[PDB]
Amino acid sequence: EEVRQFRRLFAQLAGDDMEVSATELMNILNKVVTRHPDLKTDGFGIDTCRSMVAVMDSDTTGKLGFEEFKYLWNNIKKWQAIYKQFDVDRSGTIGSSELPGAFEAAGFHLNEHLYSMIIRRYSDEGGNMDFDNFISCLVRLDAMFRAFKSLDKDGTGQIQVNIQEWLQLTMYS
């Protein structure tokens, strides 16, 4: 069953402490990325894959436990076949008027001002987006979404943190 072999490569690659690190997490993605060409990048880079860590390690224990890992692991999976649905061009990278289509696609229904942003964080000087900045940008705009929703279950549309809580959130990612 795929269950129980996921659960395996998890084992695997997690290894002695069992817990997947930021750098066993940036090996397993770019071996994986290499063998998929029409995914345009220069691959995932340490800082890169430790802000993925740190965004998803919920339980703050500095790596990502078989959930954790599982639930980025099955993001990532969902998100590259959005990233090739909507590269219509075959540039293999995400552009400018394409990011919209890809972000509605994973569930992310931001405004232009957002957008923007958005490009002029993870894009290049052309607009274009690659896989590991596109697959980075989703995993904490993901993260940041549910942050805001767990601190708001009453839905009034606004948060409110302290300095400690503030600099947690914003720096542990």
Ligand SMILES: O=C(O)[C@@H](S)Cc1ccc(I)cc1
Contents of the next structure:
Protein chains: 2
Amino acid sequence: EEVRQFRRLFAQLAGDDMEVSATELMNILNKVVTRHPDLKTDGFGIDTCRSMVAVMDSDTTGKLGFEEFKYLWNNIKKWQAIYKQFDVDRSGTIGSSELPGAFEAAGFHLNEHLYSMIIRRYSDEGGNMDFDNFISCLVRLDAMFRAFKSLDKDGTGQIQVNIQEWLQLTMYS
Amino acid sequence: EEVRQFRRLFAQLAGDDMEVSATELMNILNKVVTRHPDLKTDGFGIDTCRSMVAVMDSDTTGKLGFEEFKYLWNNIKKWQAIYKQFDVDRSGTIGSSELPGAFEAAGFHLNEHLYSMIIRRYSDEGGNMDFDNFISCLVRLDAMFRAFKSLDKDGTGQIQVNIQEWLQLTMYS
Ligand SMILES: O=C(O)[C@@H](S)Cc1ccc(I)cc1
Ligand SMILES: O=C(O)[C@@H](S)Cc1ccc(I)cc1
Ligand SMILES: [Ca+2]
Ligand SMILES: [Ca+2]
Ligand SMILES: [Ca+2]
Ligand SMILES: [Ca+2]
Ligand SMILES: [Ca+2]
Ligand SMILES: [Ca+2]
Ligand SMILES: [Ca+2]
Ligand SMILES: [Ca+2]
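Output the form deposited with the named molecule bound next; the form solved without the named molecule has already been displayed.
First the chain shown before, then all remaining chains and molecules of the complex.
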């Protein structure tokens, strides 16, 4: 099976403490893109990884357990495919005009104002977003959408968040 | 004449487009920090500087103007001085025990839970925070506080926000 094969990757990656840290996450992700010449990236940095872990660590352990990691990995496997598909000019990167289509393929229908804000923060001078930036942007986007949805209990379209919660959601990410 | 000097710095740094981008910021920050052996750091990386710019960019130009860069620079000068004062064991990093007092001097009073989250996201195995992680964290904490006070112009300590608003507050930073 595949769940058999995954426990095997996980158990190997997680190591001694049965959890995968920011550092371990960084290594595996860097070990993989290496064999993907169609993905341009300057590498998955430690800071980006620590952010990926925090935003994915729903149980506040500082590291990712089996489920948390399983969620992250599956998403990443699906997202890398979208990136390749939408980089129609084989630049190895997602361009400004290539972005909306890719996010939509990943299930994120935003607006022109939001894509712009996104390009400004994650893309470079040129409007080109490389692979790590893309995955990084998507892990966060997914977490924030999830976070909003869980706080929208009445189904009203708006949430109420107090100072303590706010600081917890924005700082531990 | 304390600004005579500051205008010449920004102008020299900002360049042709009259704005300090993440890369311009990264360079200067890595240049100065080296002239201070009391601050241990693994370097200011591009993702972190990209984060710093995003959070200080109030005019949504994508870069730091004079007013934006000045507020940022002033804080760093101030936070740099706090870092050194509270690094009692002169390890060159802020430890778990050293943390709250340094934030207390910067003016933030957070609870233990929040501190645990911050240490998990910003410190190392031993629980020490280096210079870039310290500045990066503080630049964020300050921004997140200001963003919150700007929507709670009532003092209730709670904000109402829709999805479009939530994304801009959490994604553009
Ligand atoms: O290359 C792989 O391991 C396959 S299973 C898919 C994949 C591709 C790229 C990344 I980064 C992660 C996962
Ligand atoms: O402004 C400077 O170069 C010195 S005096 C203070 C300072 C020290 C470190 C940093 I990074 C920023 C500022
Ligand atoms: Ca581990
Ligand atoms: Ca966890
Ligand atoms: Ca492309
Ligand atoms: Ca990158
Ligand atoms: Ca410039
Ligand atoms: Ca600006
Ligand atoms: Ca110390
Ligand atoms: Ca660091």
